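Chain by chain, the residues:
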Amino acid sequence: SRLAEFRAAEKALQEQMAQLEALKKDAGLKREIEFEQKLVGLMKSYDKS
Amino acid sequence: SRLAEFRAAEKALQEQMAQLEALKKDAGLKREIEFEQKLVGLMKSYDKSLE
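Chains as they are written, first to last, in this note's numbering: chain U, 100 to 148; chain C, 182 to 232.
Think of the hints as simulated: they come from the structure by calculation, not from any bench.
Ideal Cβ positions, reconstructed from N, Cα and C, are used throughout, including at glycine.
What you were told as hints is all true, and nothing was included just to trick you.
Partial pick of chain U residues on the chain C-facing surface, computed with a CB cut under 10 Å: (1) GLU104; (2) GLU109; (3) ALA111; (4) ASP125; (5) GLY127; (6) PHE134; (7) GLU135.
Chain U on its own, in the form it takes in the complex:
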């Protein structure tokens, strides 16, 4: 019921969302997303013969 526990959740959400903005900046994650887009498109073309 408390408003205090809402604003504690609001702060908890905005640091979670802040560390997702940190994760989003990692060079290793970026290389890995690209490699997946490569793998996805390559199995896209493997379909055709």
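Given the coordinates of chain U, assemble chain C onto it according to the supplied hints.
Relative to the frame of chain U, chain C by itself:
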């Protein structure tokens, strides 16, 4: 991998944004915001009465 984690974090966050919005409906919370509202009105009035 850093990619599998990133997607579970993006999932755990999406869930949190939804559990937050669950709380906005509570009657108990709505009355507590009414009290803070009046408090602010009280504070504004105090400032207004300093011309």
